[PDB]
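A single chain, nothing else alongside it, follows as structure tokens in the form deposited without adenosine-5'-triphosphate (ATP).
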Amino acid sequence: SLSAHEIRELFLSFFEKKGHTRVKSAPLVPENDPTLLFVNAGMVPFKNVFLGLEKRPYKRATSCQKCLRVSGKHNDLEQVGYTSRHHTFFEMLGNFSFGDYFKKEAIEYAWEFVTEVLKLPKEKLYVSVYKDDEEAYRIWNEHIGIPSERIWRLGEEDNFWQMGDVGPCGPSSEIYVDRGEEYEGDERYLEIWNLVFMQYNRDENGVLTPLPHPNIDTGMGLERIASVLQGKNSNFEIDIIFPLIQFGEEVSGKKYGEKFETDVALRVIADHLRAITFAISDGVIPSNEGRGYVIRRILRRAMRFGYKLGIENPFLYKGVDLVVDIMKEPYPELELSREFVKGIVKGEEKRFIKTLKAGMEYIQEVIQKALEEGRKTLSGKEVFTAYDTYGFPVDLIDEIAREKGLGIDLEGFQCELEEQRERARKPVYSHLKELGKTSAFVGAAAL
């Protein structure tokens, strides 16, 4: 019913209709936060304002934020392709108070938007609050008029938010849509909005004291809500994503929705195309460490799944064109970076494709021999070969082996690394013993 592009502008213009200043998406890469690789949510750009370190001409903000979930405590990379809900890159709609309005308004606005602007039947909406948050329950039940039967009081894991282990925190309220009895669990009661009531400060001892000025933080995933409004069962079948699945079909000659493993590769390519396009446009260069390596991995993973579909040549650079053309309205700057991003991608593909094929042969070889001889893991040496000789990211090796039931000898791989680190001994820096763990985020040459 509503195009993804349409949903975005509405959200923005609706909150703009209420004192909110439309702040544009901060780049995926944090200008000054060398600890965090990518912006993973809404408030990150606004973090200091929520703390009182940065002032702002406004007390109300709204935005559609370019987000990546490929690092640290918010890392969905391992799941991308296997489900219908996970992303590397995605857009988050948010409304924030610093701290002007609190729970009531945040709830009032959110209810209005979902009922009036989104036009979703109110009897098909469920809400969750923190069991100890009586104020929030009250607002929903009495003031908004949600029957007690469509309100959930849940615990800390479900309804309490924290900025970190210390600092600003508070209860949260999530809005769900009952998609029908034809579904199950969180797929039936699909969350579309998370409202955060930044109410408390947690000190170094874990004690919670009230904040002088309560804050508001919210997040609504654009791809997910669009799937509800477009009646889709997957984020990948939406107007602004499905064309990329079709790009995968056209190049491979395989069809979506026939074989599960075929769809996985298709979803991986479609999603990764958006990630690489947006990251390289925002200034990231594929390298062997940090932000550059995460995208190298993403790009390599996509190359691998395409080759799994029988694509013997580079194709990912062609997909950039589609993404740019699909996302040029809300992000007109993607057009200035188009050819630049395309060239970078093609060069990366061209640089690694032959080494990927040769590596896949080696990996499938030792994998096959291990099954013939009754081995349940790839030895440390074999993992080091594919990682060092063929430049395969560890996570990728672990995933290819996982396809046939084999794990990877982690202690043996750690051992092998010290022995290699030793060849120089007898950029990036690793504690000894960290090396096994550090190798999941850097290329072999970086060690």
Given for the second form:
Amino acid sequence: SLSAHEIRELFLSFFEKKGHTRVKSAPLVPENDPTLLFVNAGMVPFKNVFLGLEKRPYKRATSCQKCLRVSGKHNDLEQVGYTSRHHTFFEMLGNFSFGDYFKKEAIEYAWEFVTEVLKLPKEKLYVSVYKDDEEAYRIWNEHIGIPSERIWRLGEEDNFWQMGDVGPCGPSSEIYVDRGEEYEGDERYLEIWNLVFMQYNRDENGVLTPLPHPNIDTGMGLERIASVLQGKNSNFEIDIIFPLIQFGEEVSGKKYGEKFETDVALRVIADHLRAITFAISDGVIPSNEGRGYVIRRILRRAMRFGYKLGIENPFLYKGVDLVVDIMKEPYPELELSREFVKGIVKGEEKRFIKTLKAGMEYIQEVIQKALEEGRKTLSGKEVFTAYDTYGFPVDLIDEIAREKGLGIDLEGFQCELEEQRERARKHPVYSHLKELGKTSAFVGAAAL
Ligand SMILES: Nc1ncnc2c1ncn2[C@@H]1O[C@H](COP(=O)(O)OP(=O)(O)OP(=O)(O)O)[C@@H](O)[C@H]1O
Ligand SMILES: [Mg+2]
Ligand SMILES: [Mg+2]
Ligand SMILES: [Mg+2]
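Please give the corresponding structure for the form solved in complex with adenosine-5'-triphosphate (ATP), as opposed to the form deposited without adenosine-5'-triphosphate (ATP) shown earlier.
All chains and molecules follow, beginning with the one already shown.
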């Protein structure tokens, strides 16, 4: 069945055998790249290798990179807690080939692990390849010997990965595990591995030119595949995250399997706990802008659902220990940051807790008040009060109102923001005008 810490260890040890020097996951905080707030894949730290800038001693490298999908174009923070497959923090596993082997090797080493290493029968496996990429279809169907009906040839939106507007990109291939007949869609056909084939380098005009030395990039979700092997139907039910859920059950008294708006918060605490744990360990302090404000948002949204559960006291600080204990094997580093990070998560809570509550009474007050006078949204002078007078993240104010079906007049919040940038300026983060709303959801009032 393999445990979480067993699958990760089987992955890295397996490819090491395939000539892949095991590398240590870089910190969630990008070293020399101010734009990319948080890492998001195993090829992030090696982005300068595929480019040809760096020349690591090894032509091959495997790693379990710590990822955080809460910024830029890959922002999942919204669906976190609403589904069973979306996390902020998550462990990505993968192999990378720096102009070494290619598709014929990337697949072989990818099929042996899934069948000869994960003990998943080859009768329920499924794969995908870029239709116009007969190169991969041959290896799969002909070489490896897989039936055609079990292979899908999709378009660009499904089988063509790119490293931005310009740079190395190319066709891809995904490995899907069939979960029976009781399920439907991407569930029954859970994506478990993403094999990316850097073949072409898109120029500034959108034209694709081949590379003289192709590359390989793979990203298998640890928690996601762990679900399969652990016969679970939720990434939140794995040996490493469930204890965190029950931790919520115990802090509130509530249990799993009853209401929808309850299982959510439970997943919210457990997930966000992982986020705010490794984050602070990798050098992030709750501030009012950029990275430092992403942790604060994640830590404040946990604070909210916790309060929605009835937990009227700082609790996440107790959850930091559980994480270190569950994650001290692959990342012993956390132990040293345990007490450290424990003081931080406890420091933030006792700071905003009193405000977080007062605010919940304010916001909810203008909710029923609004829907009575027939308003379908919250006024700009209302979401702002909660943003300033209460330090509530603008995204949170939105989620708190979205419950009753109410929205928030964007333009109002827009004008209201100008009514303060002109007021404060008449009677760090710099933001344009009319572009205030494209930054007000990522920076606090005190920093905006
Ligand atoms: N938030 C997440 N929580 C859990 N697993 C994830 C998450 N994001 C990605 N994964 C897993 O990591 C694998 C590699 O990431 P990839 O970039 O292919 O994801 P994706 O294209 O966003 O697909 P998906 O829609 O299933 O998240 C995915 O196939 C999936 O198994
Ligand atoms: Mg996705
Ligand atoms: Mg996909
Ligand atoms: Mg994918």
